[PDB]
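One protein chain omitted, others in place.
Labels run A and B following the written order; every chain starts at residue 1.
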Amino acid sequence: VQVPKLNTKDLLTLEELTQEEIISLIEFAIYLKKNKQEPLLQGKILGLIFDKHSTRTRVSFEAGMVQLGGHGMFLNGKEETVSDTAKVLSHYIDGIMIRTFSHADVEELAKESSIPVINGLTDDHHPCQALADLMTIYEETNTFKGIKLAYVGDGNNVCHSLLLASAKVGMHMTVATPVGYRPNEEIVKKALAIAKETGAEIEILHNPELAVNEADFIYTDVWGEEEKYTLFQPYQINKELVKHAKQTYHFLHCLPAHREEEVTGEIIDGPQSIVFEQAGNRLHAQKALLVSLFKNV
Amino acid sequence: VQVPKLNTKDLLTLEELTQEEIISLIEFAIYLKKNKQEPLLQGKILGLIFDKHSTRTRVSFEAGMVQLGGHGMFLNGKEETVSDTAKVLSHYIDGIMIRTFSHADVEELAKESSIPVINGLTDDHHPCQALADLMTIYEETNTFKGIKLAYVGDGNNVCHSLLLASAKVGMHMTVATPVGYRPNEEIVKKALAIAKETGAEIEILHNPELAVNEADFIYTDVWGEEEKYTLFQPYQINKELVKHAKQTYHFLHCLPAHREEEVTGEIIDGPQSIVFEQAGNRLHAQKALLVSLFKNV
Partner (left out) sequence: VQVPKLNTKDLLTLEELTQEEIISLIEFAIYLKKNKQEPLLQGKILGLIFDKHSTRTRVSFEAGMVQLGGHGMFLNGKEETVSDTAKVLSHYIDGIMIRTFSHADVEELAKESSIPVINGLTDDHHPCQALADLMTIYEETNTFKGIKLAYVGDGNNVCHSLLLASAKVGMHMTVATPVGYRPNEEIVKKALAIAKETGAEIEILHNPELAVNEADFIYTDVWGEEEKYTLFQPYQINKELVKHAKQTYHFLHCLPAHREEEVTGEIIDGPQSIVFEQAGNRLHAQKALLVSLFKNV
């Protein structure tokens, strides 16, 4: 097996990876997906820490380790500080995947931990998703040079992670969100700065027709309610809006979905959709990531 | 290893199995029990879903997988619908054992899931138990042709599952329950219909002496309270009642028991009892079931 050397212990936002690093990861995920499960992490253990329990993440991670000959250790966020607990894990274990709300907390755990820490999802960031998404796209295009991804919806953590992800690999990305719901300046900013070096064109705006125009890929996600709903109704993915993209676009969604909200069934269940392939690749992307991180011994 | 081909993805009530299928399973469970643990499910994963946490079931399942080289994944019923969650599991995993209260829910999960689903126990059904019970009986008799099982007690889910189980294998079964506590028409009905084809004699009635008469096996289980208790007092298993069965009967109980309620200690701890052997076979029956289901790939 030709395992990738990452020059980082942790993976938190996506930004601690070089561009080459990200491809190597992707290319490796794909090789693993094709190849019969190697016990590359014999007896290694991944701690799994949760704020609110999240199935999709937990299972995809635990699965991966198990398939790599490892073990996943389910811990809870019913806790001594998140410093003390980092110290401890390190003695007895090989890595940690945390999902919690405050990203600052994760950063802290990483500094203090002496084993790899992986952000399962914080409020601000969701690297692993984006990484599975890039994998999915690359499976289709075999390249990011010259590719447009439109994301329309709420300016959320998966949005952030896509921005950084696209910037890193020189994939162009435009975002359309309603007036209130733009993503964070600080991130947009970082993303733009990465892009200066990869020639990726990143943009944020409001009219979605503009985002989707000539896009190779469209991505949405789920959204007191009375007034909000009426504001996002125009940001729905449908026969009508998707006509402005390329004939040959594919649809992405991180799931789960509420049909006839963010996306019409016609689209999500149509042949343009590849949400399922996407879903699967969570497993594999992560596996690739895990193995690289764990061989920095 | 000579693994049984089941013509079904799921196992919910017992009724999706042919009679041959059930023996093959039993015969296989026994072979496995005798034979040093094969890693027949290397790296496969069984999701374990719980409504209220139940030890006996959870452990017997997890154990089995572990002994088969697999892994059990404990999930909770602190959950998005039970549709969404089925879809997800299927991507990352190989099978699901669910215990929940509403059987309808399980049915749903099975339809929607694209991997095997096993009913750990619903309010109406408890297949796995019955299957371990048949195994136990067969260990003793080596045949169901001509065998009578009496169940006295409450007309509960394990009762149901025994009815169907006995009907399928042509084992005769009579049930005695107090006036209020007969089992469900719909099941009795199905059971009777199966029996028409296997020549099993099934009956439901009230006087327990009648149920136990010439029985090869007696089976009870645990039972506002002030008036109920006085009604079941006569449905106790004891020196007195067991005299009407065959000299050579054996006693079963799925456990746990309240001695000097449903059963006197004399009986349950007497040499006629085989509740322990029963208990053990949970493990093995299940193992057999799991392996067959998982090789329908």
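Heads up, the rule we're going with is that a residue touches a chain if its C-beta (ideal position, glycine included) is under 8 Å from a C-beta of that chain, and two chains touch if they have at least 3 such contacts.
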{"item": "Per the touch definition above, residue among A:13, A:85 or A:129 touching the missing chain", "value": "A:85"}
{"item": "Hidden partner chain, touching residue among B:18, B:37, B:81 or B:233", "value": "B:37"}
{"item": "Among B:74, B:101 or B:181, residue touching the chain not depicted", "value": "B:74"}
{"item": "Omitted-chain contact residue, chosen from A:33, A:71, A:103 or A:246", "value": "A:71"}
{"item": "For subunit B, residues in touch with the removed chain", "value": "37, 53, 55-56, 59-60, 62-63, 66-67, 69, 71, 74, 255-256, 276, 279-280, 282-283"}
{"item": "Missing-chain contacts mapped onto subunit A", "value": "43, 45, 47, 71, 73-76, 78-80, 84-85, 88-89, 91-93"}
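Quick note on the criterion: only the chains that are shown with their structure count from here on.
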{"item": "Averaged-CA centre spacing for the pair subunit B and subunit A, given as whole angstrom", "value": "43"}
